[PDB]
Amino acid sequence: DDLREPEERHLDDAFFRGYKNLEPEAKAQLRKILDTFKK
Amino acid sequence: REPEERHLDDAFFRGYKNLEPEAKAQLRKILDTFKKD
Amino acid sequence: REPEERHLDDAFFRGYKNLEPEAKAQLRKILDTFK
Amino acid sequence: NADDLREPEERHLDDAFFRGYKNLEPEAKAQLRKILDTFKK
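First to last, the sequence lines map onto chains A, B, C and D.
With the working numbering applied, the first sequence corresponds to residues 1 to 39, in that order.
With the working numbering applied, the second sequence corresponds to residues 1 to 37, in that order.
With the working numbering applied, the third sequence corresponds to residues 1 to 35, in that order.
With the working numbering applied, the fourth sequence corresponds to residues 1 to 41, in that order.
Quick caveat, the hints were computed from the structure, so don't treat them as lab data.
Just to be clear, a hint being listed does not mean it is correct.
[Claimed, not checked] Once the Cα atoms are required to be at most 27 Å apart in a straight line, the calculated BS3-like pairs of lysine-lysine come out as:
no.	chain 1	residue 1	chain 2	residue 2
1	B	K17	D	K22
2	D	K41	B	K24
3	A	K20	D	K22
4	B	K17	C	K17
5	A	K27	B	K17
6	B	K17	B	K36
7	D	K40	D	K22
8	D	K29	C	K17
9	C	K29	C	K17
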């Protein structure tokens, strides 16, 4: 069920860490931006 | 505050992981525009 | 669709010009990730 | 218009932004419009 290659999992975890280091206003903007990519 | 924070941040990551790979890649680049300096 | 394209492009530029400076700067950086 | 308060440097940055947008492919232009909408108050 999780077919991610190790590098992809690493980049996904780096993505979360980067998000969590954003100030709260930027985290909010990024959540809104995320939503524009949902299909 | 911690309740709604973790819910928003877990939903954010869940939605990220649900994106197709090319979208995930674009969102990583967009994240980096908030990080670079 | 040419009028529709022009309208959407002009609405985009108007909206960008109505943002505050730091947001205009952020949108420029985001555009750079698509080019 | 004649009421433009931007300095030429900002006008030039803005104009280059708009030319970069117009040079994108349609799918990307549409994605950028969606992103711009997220910055509206």
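Holds or violated: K27(A) and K17(B), Cα atoms, limit 27 Å. Within the cut-off at roughly 17 Å; holds.
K17(B) and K17(C) were given as a pair; does the straight-line alpha-carbon distance stay at or below 27 Å? violated, 33 Å
Hinted pair, alpha-carbon criterion (27 Å max): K29(C), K17(C). Please report holds or violated. Roughly 15 Å between the alpha carbons, so the hint for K29(C) and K17(C) holds.
Agreement of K40(D) and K22(D) with the hint, judged by alpha carbon distance not exceeding 27 Å: holds, 21 Å
Check whether the Cα positions of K29(D) and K17(C) lie no farther apart than 27 Å. At roughly 17 Å apart (the allowed maximum being 27 Å), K17(C) and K29(D) satisfy the hint.
For the pair supplied as a hint, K17(B) and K22(D), is the alpha-carbon distance within the 27 Å limit? violated, 30 Å
27 Å Cα cutoff - pair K20(A), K22(D): Distance ~33 Å between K20(A) and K22(D) Cα, so the pair is violated.
Next pair to validate is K41(D) with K24(B); report whether the Cα-Cα distance is within 27 Å. Given pair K41(D), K24(B) holds - Cα atoms ~26 Å apart, limit 27 Å.
Has the given pair, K17(B) with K36(B), been kept, meaning a C-alpha gap of at most 27 Å? holds, 23 Å
Hints 1, 3, 4 from the list above are not met by this structure, while the remaining hints are.
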